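A.B. asks: Here's the letter readout for the chains.
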Amino acid sequence: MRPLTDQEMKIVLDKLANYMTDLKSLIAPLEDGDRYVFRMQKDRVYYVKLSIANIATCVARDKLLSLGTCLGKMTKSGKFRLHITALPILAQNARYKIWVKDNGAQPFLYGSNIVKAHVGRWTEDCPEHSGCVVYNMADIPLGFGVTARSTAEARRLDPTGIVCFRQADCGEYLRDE
Amino acid sequence: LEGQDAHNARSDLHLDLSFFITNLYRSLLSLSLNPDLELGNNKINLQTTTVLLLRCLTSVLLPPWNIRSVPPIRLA
Amino acid sequence: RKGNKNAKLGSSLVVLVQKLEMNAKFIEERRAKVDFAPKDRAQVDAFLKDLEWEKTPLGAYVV
Amino acid sequence: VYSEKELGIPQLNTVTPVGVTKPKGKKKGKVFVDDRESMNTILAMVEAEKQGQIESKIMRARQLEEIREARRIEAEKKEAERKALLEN
RNA sequence: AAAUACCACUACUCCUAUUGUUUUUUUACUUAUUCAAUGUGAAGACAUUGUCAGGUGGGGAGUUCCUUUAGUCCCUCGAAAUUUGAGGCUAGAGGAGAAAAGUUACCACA
Numbered sequence: 001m002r003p004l005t006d007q008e009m010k011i012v013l014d015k016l017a018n019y020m021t022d023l024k025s026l027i028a029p030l031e032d033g034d035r036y037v038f039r040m041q042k043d044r045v046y047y048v049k050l051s052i053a054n055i056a057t058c059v060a061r062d063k064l065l066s067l068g069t070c071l072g073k074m075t076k077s078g079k080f081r082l083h084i085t086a087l088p089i090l091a092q093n094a095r096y097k098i099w100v101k102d103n104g105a106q107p108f109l110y111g112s113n114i115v116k117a118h119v120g121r122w123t124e125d126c127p128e129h130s131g132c133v134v135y136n137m138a139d140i141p142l143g144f145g146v147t148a149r150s151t152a153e154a155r156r157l158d159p160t161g162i163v164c165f166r167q168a169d170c171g172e173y174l175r176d177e
Numbered sequence: 493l494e495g496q497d498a499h500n501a502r503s504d505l506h507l508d509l510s511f512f513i514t515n516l517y518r519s520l521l522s523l524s525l526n527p528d529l530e531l532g555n556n557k558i559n560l561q562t563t564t565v566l567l568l569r570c571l572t573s574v575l576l577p578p579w580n581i582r583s584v585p586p587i588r589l590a
Numbered sequence: 658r659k663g664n665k666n667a668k669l670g671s672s673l674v675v676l677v678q679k680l681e682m683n684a685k686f687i688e689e690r691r692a693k694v695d696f697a698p699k700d701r702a703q704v705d706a707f708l709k710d711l712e713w714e715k716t717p718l719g720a721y722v723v
Numbered sequence: 063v064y065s066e067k068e069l070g071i072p073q074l075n076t077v078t079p080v081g082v083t084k085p086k087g088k089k090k091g092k093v094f095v096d097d098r099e100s101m102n103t104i105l106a107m108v109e110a111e112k113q114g115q116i117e118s119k120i121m122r123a124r125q126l127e128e129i130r131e132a133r134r135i136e137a138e139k140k141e142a143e144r145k146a147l148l149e150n
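Chains as they are written, first to last, in the entry's author numbering: chain CG, 1 to 177; chain CT, 493 to 532, 555 to 590; chain CY, 658 to 659, 663 to 723; chain CX, 63 to 150.
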C-alpha cells in the first residue's frame, strides 16, 4: 500500500465533498484513539481504519487484494471515479437524496436513468448538477448519481423525463461474481 | 430559524443549526447532573432552565416545519 | 489534576470510578441476550433474580 | 484546446512563486499526506471552494479563519516533528 | 483389520493422597520502575524500555525469491507404513526502474 499524496487526497476529497455534507466526521478520531485513513493499492483507494492498515502492512504488495472499503480508482488521466462499494459512506452522510418507487427502483438496478415517472420523493431546493443518493421506498440505499434539473424544473418536467444521471448502482455486485 | 421568512431563506442564506444541535446533545449530560434546574405569551425570556431545555428539545425534535422529515438518527 | 493537593480523595475517587465502570461493563456483558419486546418482558422481569449483592464488582468493593 | 501539460510550457514566475522546480522526466518526491492536521487543512479548503459565495461577512470571515486555524495547526505539528527528529 | 482358554509385558484416559518440582491467572504490599520539587510526596510489579528472530517496505541513503521442463532414482524435510509430497544438483524457460511506459478487431467523444 502507500498513503495518498496531497494532490490525490485533494481530488478524492473534492469528489467526496461533491457527494457528502460533512467530512470531518469521516476523518474524526474515535473513542479508542483510532481514526480512519486513506490508502492506495494498485490505483484503488481504500477507506480503512489506521489500526487495520498498520496490521495489514505485513502483507506483500502483490498479495494485498483488498483493505477496508474500496472508495474508487484513480484513472490514468488522474481523476477519481467513485464506486458502489463507496455507496455506504454516501448513504451515511448524503447531501441530496432521491427516493424512487419500485417501478424505477428495479430499472435503476438494471442500470437505467431515473425518471419523473419513477421519483417518489425529492429533497427541496436541489441545484441542477448536484449529488443525490438514490434510495427506494424502504429507505434502502440503492445507488448514487448526479441529478439532471432542479427541483422546480423536475416538478414542471414531463413525467417521462430524465431527472437523474446514473453513475453507479448495486447491480455491479451481480457483475463481479 | 422557525421564523417563516428565515425558514424559506434557509438554503439561500446558508443557515445551519448543526452547531446548536451538537452543543445541546453534548450538554444534555451536564444539564442532567446540574442541580440548579428547577430554581425558578413570552417565547424566549423564560426563567426556568428546565423550560428552556424543553423548548430546545421541542425545536430539535418536534419542529413547526418539516416535522415528518427529521433524521431518524437524530430522533433516536 | 490540571485545585487542591488532596491525593487521598483523588485516589478514592479513582477507585470508585474504576469500580463503577467495571460494574457497568458487567451488566452489559450479561445483557446482550435479553428479549425486551414491548409486549414481552418476562426475561427483563427475571434479569438476575438469582444473584446477591456481593457478586457484582461494586458489591465486592462496597463490602 | 490542448493541455499545458501536453505542451512543454516552462513555468513562469508571478506573484504566486514558482518555487524550487524539478527536472522533467525524473523522480518527483511523493510528500505523503497522512496527518489529521493536513487532512483538516485540505478538507477545509475543499469545503470552502464548494460552498463558495456567502452573503454574510462574518460567515466569510469564519470560513477563512477556520482555514487559517487548520494551516497554523498543521505548521505547528510539522515544527514539533522537526524538533523531535532533530534533538531526539 | 484384528478372536476370545493360560499366563507375561507396556499404552493411554479418569480419580485419590503426600514423603516433592516447575509454569500461568486474580488479589495484597513496596524495594524494580514512572511523574513533580529543593538551598521530599504520588503512582506502581503493569507500563515504559532493551536485545535476538522474522513479515512488509510506492517513503530515505548507496551500486550497476519462488514456478515449469528432463535426468540420476543423488541428499534432506514432512507424511502414510510396505509409499508419497516439498525443497536440494545439473541447464532452458517467467516474473536506469516510482518518473512513468507498453498494449487492446472493446467503450464515449472528435
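Derived from the structure by calculation, the hints contain no laboratory data.
There could be a bad hint or two in this list.
As the list claims (entries may be wrong) - Think about it this way: if two alpha-carbon atoms lie no more than 30 Å apart in a straight line, the pair counts; the simulated DSS-like pairs of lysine-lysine are:
(1) CX:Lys112 x CG:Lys97
(2) CG:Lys42 x CX:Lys67
(3) CG:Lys42 x CX:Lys89
A.B. asks: Next step is simple, just say for each hint if it's right about the structure.
C.D. replies: To see whether the hints hold, each was checked on the structure:
no. : hint                 : in the structure
1   : CX:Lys112 x CG:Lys97 : 18 Å, holds
2   : CG:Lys42 x CX:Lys67  : 24 Å, holds
3   : CG:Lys42 x CX:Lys89  : 19 Å, holds
Taken one by one, the earlier hints all hold for this structure without exception.
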